[PDB]
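Please build the complex by placing chain E with the ligands on the supplied structure of chain B, with the hints as guidance.
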Amino acid sequence: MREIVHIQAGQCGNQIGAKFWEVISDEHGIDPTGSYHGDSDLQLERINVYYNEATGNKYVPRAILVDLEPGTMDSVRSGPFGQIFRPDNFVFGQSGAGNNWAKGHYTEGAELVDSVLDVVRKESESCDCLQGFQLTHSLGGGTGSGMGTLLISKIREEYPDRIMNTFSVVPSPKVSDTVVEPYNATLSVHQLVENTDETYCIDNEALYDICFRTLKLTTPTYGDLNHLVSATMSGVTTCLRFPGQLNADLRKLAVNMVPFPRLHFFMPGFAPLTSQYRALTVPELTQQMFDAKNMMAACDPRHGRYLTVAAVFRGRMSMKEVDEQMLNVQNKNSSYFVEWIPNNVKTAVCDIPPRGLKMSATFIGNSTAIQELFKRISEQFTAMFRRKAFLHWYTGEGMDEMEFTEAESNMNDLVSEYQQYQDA
Amino acid sequence: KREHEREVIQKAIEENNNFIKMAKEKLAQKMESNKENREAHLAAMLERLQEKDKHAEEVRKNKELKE
Ligand SMILES: Nc1nc2c(ncn2[C@@H]2O[C@H](COP(=O)(O)OP(=O)(O)O)[C@@H](O)[C@H]2O)c(=O)[nH]1
Ligand SMILES: CCOc1ccc(-c2cn(C)nc2-c2cc(OC)c(OC)c(OC)c2)cc1
Ligand SMILES: [Ca+2]
Ligand SMILES: [Mg+2]
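Going line by line, the protein sequences match chains B and E. Residues 1 to 275, 280 to 428 in the entry's author numbering are what the first sequence lists, from first letter to last. Just so you know, we're using the entry's author numbering here: the second sequence kicks off at 75 and counts up by one.
Mixed in with the good hints there might be a few duds.
EDC-like cross-link-like pairs, simulated, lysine to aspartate or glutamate; straight-line CA separation at most 16 Å [said to hold, decoys possible]:
id	chain 1	residue 1	chain 2	residue 2
1	B	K154	E	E79
2	B	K324	B	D304
3	B	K154	E	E77
4	B	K297	B	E205
5	B	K122	B	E53
6	E	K75	B	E158
7	E	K85	B	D404
8	E	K75	B	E205
9	B	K392	B	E421
10	B	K154	B	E194
11	E	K75	B	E157
12	E	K75	B	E194
13	E	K85	B	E157
14	B	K392	B	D404
15	B	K122	B	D177
Calculated Cβ distances over 12 Å to all of chain B for the following chain E residues [unchecked claim]:
id	residue
16	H78
17	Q84
18	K98
19	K100
20	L101
21	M105
22	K109
23	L123
24	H129
Among the chain B residues that face chain E by a calculated CB cut under 7 Å, a handful are [to be verified]:
id	residue
25	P80
26	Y106
27	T107
28	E401
These are computed hints drawn from the structure, not numbers from a lab. Ideal placement from N, C-alpha and C gives every residue a C-beta, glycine not left out.
Bound-form chain B, shown alone:
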């Protein structure tokens, strides 16, 4: 099991996805046209996880670009690393999704979904041993939310035994396109609970506050929000992309991180937070990555308990001092880690650091506090839904009010389920 197939859905999906590929191509020494111009053999030793090798020794990403309008995917092609993606893997409709789940899932997206899966199959067929799939998308809009969750269901039908990861940008009024986002998010969450093994909850509320408060950016763009995401995305995928001895796959992570199948909603963190000259000591990275300020999902981890943690330190450092520091926060704050899962924090180290920093730390937490994020969207949903506000946009595409009442209830059970183990 080596190969991962990547899909990126809609505006946000394709935007953060582009940056993920820009970031990791740089770490692997792969230039904008697809040729390798690095130095180490360690850059190429697990390049087959995210790249196909082409004629004339070009490296092309195993990446499929999906949208219901040509806007964003045109910008990706014009953008800095656009010439590397296989042009056949640009699959786009024309009419758009209008920030409407129904359009993405049931009508406009239904028309395009088969043509997307053909390319998925095309990239899968030439995988020595396909391990799984990862999707970048948002739950607030139409395409990424609706069509993204449809593709997830189609991919599961056709490849029911592979791993399905998502990097899912959860919405927020602080960084809002449209009032209907909580509807879209809530319909998507119900899908993700069934059809994904891991879902990385990127919350736009959190990314804003990190950009605003802890980076001193007064007026942050989506660009500033996506820097944080593409750094985090490089961080969690480090151990797949590099050697070694203590090397990794998706399924073992999914197994060890997810004690109950519906509870697979992780809370990312990164340290230090960038947009520097003093390198951080190991005790600082450990303090920072566990800080609520560094979390990408706007939840206070003190309001719940960790079921499992996974931590990935990058850089040349004392593995003695990492162990010692990781054992310090566990032994000094043991009330916030469940007692009934022994040794539930796993640490890995990787010698290659990311562009800019001499040593970093990425944090993956399956905390019960993540219920707060779903409670927030569940409140935003009901304020509107209790007056059937804005439903005409969805019922016009064939949707029923029953489907909304279901998706509401499924997510309120998810919050109950997370609350259950926060007390036990």
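Frame of chain B, contents of chain E with the ligands only:
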């Protein structure tokens, strides 16, 4: 879920079509009811003017038939 996906898009077509149908018919009802009403008005106007002619024939005979 696959049969539900088709049930939604079939319903989306059904009501889009139904809106065209009941618009198309409601408009036909009005344009026919109107044309009936407008001609009913102009027929009664002309029938009162045709009744004036028959009275003017009684007046033109009462001159002839009173000599
Ligand atoms: N972090 C981040 N969020 C985004 C970006 N673009 C859109 N969003 C968020 O995603 C939601 C809208 O989804 P969008 O991707 O525009 O719609 P789609 O193209 O139909 O999937 C809103 O909650 C936006 O705040 C982006 O570049 N970065
Ligand atoms: C709560 C314990 O969580 C764990 C324990 C072990 C593993 C694991 C086992 N293998 C063979 N590989 C991993 C692993 C660990 C990671 O964390 C440092 C990974 O980074 C996210 C990883 O990447 C896929 C694999 C996993 C979780
Ligand atoms: Ca169409
Ligand atoms: Mg948008």
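Which of the stated hints cannot be reconciled with the structure, identified by number in ascending sequence? 2, 8, 9, 13, 15, 16, 17, 25
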